[PDB]
Amino acid sequence: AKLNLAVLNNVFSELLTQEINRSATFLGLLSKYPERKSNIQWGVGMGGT
Amino acid sequence: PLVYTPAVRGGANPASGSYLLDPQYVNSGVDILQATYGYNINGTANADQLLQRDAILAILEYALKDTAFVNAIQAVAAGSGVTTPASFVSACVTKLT
Amino acid sequence: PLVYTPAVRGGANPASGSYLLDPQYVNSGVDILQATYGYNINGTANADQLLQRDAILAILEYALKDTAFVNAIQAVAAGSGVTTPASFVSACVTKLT
Amino acid sequence: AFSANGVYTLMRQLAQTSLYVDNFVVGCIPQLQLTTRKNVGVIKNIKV
Amino acid sequence: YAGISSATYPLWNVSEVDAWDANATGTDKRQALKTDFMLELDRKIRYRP
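Chains as they are written, first to last, in our numbering: chain A, 243 to 291; chain B, -14 to 82; chain C, -14 to 82; chain D, 569 to 616; chain E, 1207 to 1255.
Rather than coming from a laboratory, the hints here were simulated on the basis of the structure.
Keep in mind that the hints are not guaranteed to be accurate.
[Stated by the list, open to error] Pairs of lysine to any residue residues, derived as SDA-like cross-links and limited to a Cα-Cα distance of at most 20 Å, are as follows:
#1 D:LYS615 <-> E:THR1231
#2 B:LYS50 <-> B:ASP33
#3 B:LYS50 <-> E:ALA1225
#4 D:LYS606 <-> A:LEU257
#5 C:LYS50 <-> B:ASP33
#6 D:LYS615 <-> E:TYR1207
#7 D:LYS615 <-> E:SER1212
#8 C:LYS80 <-> B:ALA(-3)
#9 B:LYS50 <-> E:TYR1207
#10 B:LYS50 <-> C:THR69
#11 E:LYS1250 <-> A:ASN263
#12 A:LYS244 <-> C:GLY23
#13 E:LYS1240 <-> D:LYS606
#14 D:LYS615 <-> E:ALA1230
#15 E:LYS1250 <-> D:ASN573
#16 C:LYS80 <-> B:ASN56
#17 D:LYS606 <-> E:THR1233
#18 D:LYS615 <-> E:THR1214
#19 D:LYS606 <-> E:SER1212
#20 D:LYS612 <-> E:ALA1230
#21 E:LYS1235 <-> D:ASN613
#22 D:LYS615 <-> E:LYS1240
#23 D:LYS612 <-> E:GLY1209
#24 B:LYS50 <-> C:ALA53
#25 A:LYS244 <-> B:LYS50
Input sequences plus hints: build the corresponding full structure.
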C-alpha cells in the first residue's frame, strides 16, 4: 500500500520520430516557374520542304 | 494450472508498484487501450488473489487485443435477454459455467 | 440488444477522443487499474465496430469490478490444457459459444 | 552514486557487527533504447 | 520492443537479409556471405530514408 502509487502521472520525453518517406526529390530539381495564364502554348516546328 | 508471466518485457515485478500496461489495439485495430495496473493497495494477496491477479492480467493483455475473442463477446451483446449492462456480465458467467 | 453508455458521469464523448476511464478496484478490491481509452486512431468505426467498442467497454467497466465474473475466469484457468495464455483465450472463446 | 564511465553505481557498505568485517556491495540499474527503427540493418546468420 | 508490433504496423521493422536458404542441400544450408548481401541490404535502407 504505497501512498503514491495510485497518483502518478506518465510524462513523455521530447522525442518524436518520423517514420514516413515524405521526400520530394524530383520536384526538388525542376526550375519552378510562376505561370499565371490559362494554358501554356509554344511552337513545335516539323518539316515539309 | 496456468503459467502466466507479465507480458511487458522488462517490467515484470516493479518496485515502484505501478505495473504499466503496454498499449493494446482492442477494437480490431482502430482504438487503443493504454492502461496501468497498481499492485496491493488494500493489504496483501492471500494466495487466491495471486491467482485472480494472474487471470485479470491474462484477459487484459491478450484477450481484448485478440480479434476472435471480441466477436464472441459481440454476439453475447446481441442476445434476447441482454440489456442494462450489468446483466451483460451475468449472462456471460452462465456461458462460462 | 445491449443499451450501453460510457459509465463515467460527465465524460461520455470527449473532445479529443481520449476517453479516460474511472478507476475500478479489481481482485476483490485489492488493486487498481486507472485505464484510458483512445478513440479512432486507424480509421473510423464503420457501423459494425460501434458494436465491438460497445462491448469492450462493457467488459472493462462492469465485468472486472464484479466479483462473480473474476471467479468465473479463475475456474477456466484451473482446467487441463489451459497453459501458455494465448490458449487461455482460446478455451474461453469456445466456452462462450 | 558516482558515474564511473557514465553508469551510475551505488556502493552502500553494509552493517558491521564484529569490528573487522566490512561487507560491501556494488550495483547499478540499466536500460537500452533504440529510437527510430529506420536506420537498423541486420544480416541474420552468415556462416560461423 | 514497444507497444508497436510489426504485424499491425509494418513501418516498425528492420531491414534484414536472412542467409538461410530454404532448399539448398539439407543439414545446415547456410549461404556464406555473398558480396551482394550488403547491397541487397543497402537497397532496403535507401527506401526508409
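Verification of the hints:
no., hint, in the structure
1, D:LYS615 <-> E:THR1231, "holds (15 Å)"
2, B:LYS50 <-> B:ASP33, "violated (26 Å)"
3, B:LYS50 <-> E:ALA1225, "violated (33 Å)"
4, D:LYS606 <-> A:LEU257, "holds (15 Å)"
5, C:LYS50 <-> B:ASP33, "holds (16 Å)"
6, D:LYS615 <-> E:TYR1207, "violated (27 Å)"
7, D:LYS615 <-> E:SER1212, "violated (27 Å)"
8, C:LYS80 <-> B:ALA(-3), "violated (30 Å)"
9, B:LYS50 <-> E:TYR1207, "holds (17 Å)"
10, B:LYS50 <-> C:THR69, "holds (16 Å)"
11, E:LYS1250 <-> A:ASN263, "holds (13 Å)"
12, A:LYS244 <-> C:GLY23, "violated (28 Å)"
13, E:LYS1240 <-> D:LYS606, "violated (24 Å)"
14, D:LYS615 <-> E:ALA1230, "holds (14 Å)"
15, E:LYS1250 <-> D:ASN573, "violated (35 Å)"
16, C:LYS80 <-> B:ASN56, "holds (13 Å)"
17, D:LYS606 <-> E:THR1233, "violated (34 Å)"
18, D:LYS615 <-> E:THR1214, "violated (32 Å)"
19, D:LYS606 <-> E:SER1212, "holds (13 Å)"
20, D:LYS612 <-> E:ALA1230, "holds (17 Å)"
21, E:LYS1235 <-> D:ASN613, "holds (11 Å)"
22, D:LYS615 <-> E:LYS1240, "holds (11 Å)"
23, D:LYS612 <-> E:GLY1209, "violated (24 Å)"
24, B:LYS50 <-> C:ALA53, "violated (23 Å)"
25, A:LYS244 <-> B:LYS50, "violated (30 Å)"
Of the hints listed earlier, those the structure fails to meet are numbers 2, 3, 6, 7, 8, 12, 13, 15, 17, 18, 23, 24 and 25, in rising order.
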